[PDB]
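First the structure, which I've put down as structure tokens, then a few questions once you've had a look.
Removed: one protein chain of the complex. Kept in place: all other protein chains.
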């Protein structure tokens, strides 16, 4: 999938997590986000098209995906443990990673 | 790319890191490993064809890529710091992750 | 050190990172934060004095320190790479961990 599709998948499922009542819902949404974030890894954002594929900027771009992937990973464990509220809070917290990357690169 | 290509990329660059003489070579190889691992995320292994895409087995399979991706991430920081030997050591230690997944799923 | 002293160390160095001009200042402050957070691990917060040392609650409390330690770890790599701004951003972002734990346990 393209960057925009992966971004909408990320966006859609974050809201699913907010409105969710149960672990399964959170679980499912986080799984989809993990796949979206991993697939986003190879993308070149439009503001970085003029940069070398292995530039410092591109390195920093992809680092944000590492952070987001790590966070989804942990939130998923929480939801697997049945810690719904705390997985939802981890989801709220990862928005900081979404925002930080958007502020620099979007 | 498919699973097999990602796996060759992973294997090829691990050997490149072993033979490397400077941090640029390690850095370049780890970057290629991270892309390969991230791209591998969505793959279904032949041994798990018969399992649901959202099965416990498939979750455990993808978990190994989380572990791999985290370790590459960290090793790349070490290489960026010019810590060639310790980045090469981190790379040798990664093999545990490679092996553990192969033993169960390959 | 006590929980309070570790908490002040954490507080003080966070501000040091905000005002910092170079990577060495940030590195030094994160190093101090890492030791404070690791030393905090064994503490029982006043709100949880009545809970068993290996209770659900106490596990969740210490989980927040795993999260914080992980974040400092990564931020320190960024500072080591000379990525001052992004290390400072990483430091602003880990405030979410600080606050999440306080909201629940302070």
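Order as written gives the chain letters A, B and C; numbering starts at 1 within each chain.
FYI, a contact is a pair of C-beta atoms (placed from the backbone, for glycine too) under 8 Å apart; a residue touches a chain by one contact, two chains touch by 3 or more.
Peer 1: In the intact complex, which of the presented chains make contact with the chain not displayed?
Peer 2: Touch partners of the hidden chain, whole complex considered, are A, B, C.
Peer 1: Which of these touches the unseen chain: C:7, C:20, C:26 or C:34?
Peer 2: Once the missing chain is taken into account, the touching residue is C:34.
Peer 1: Under the stated touch rule, tell me which residues of chain A contact the chain that is not displayed.
Peer 2: 74, 77, 80-81
Peer 1: Can you name the residues of chain B that touch the chain not displayed here?
Peer 2: So the residues of chain B touching the missing chain come out as 60, 67, 70, 74, 83, 86, 89, 93, 96-97, 100.
Peer 1: Given the full complex, what residues of chain C touch the hidden partner chain?
Peer 2: Touching the missing chain: residues 28, 31, 34-35, 38-39, 41-42, 54, 59, 62, 65-66, 69-70, 73.
One rule holds in what follows: only the chains that are shown with their structure count from here on.
Peer 1: How many angstrom lie between the CA centroids of chain B and chain C, rounded to a whole number?
Peer 2: 30
Peer 1: Calculate how many whole Å lie between the centre of chain A and the centre of chain B, each centre taken as the average of the chain's C-alpha atoms.
Peer 2: Chain centres of chain A and chain B, defined by C-alpha means, are spaced 20 Å apart.
Peer 1: Approximately how many whole Å separate the CA-defined centres of chain A and chain C?
Peer 2: 23
Peer 1: Which chain C residues reach two or more other chains?
Peer 2: Chain C, residues with two or more chain partners: 74.
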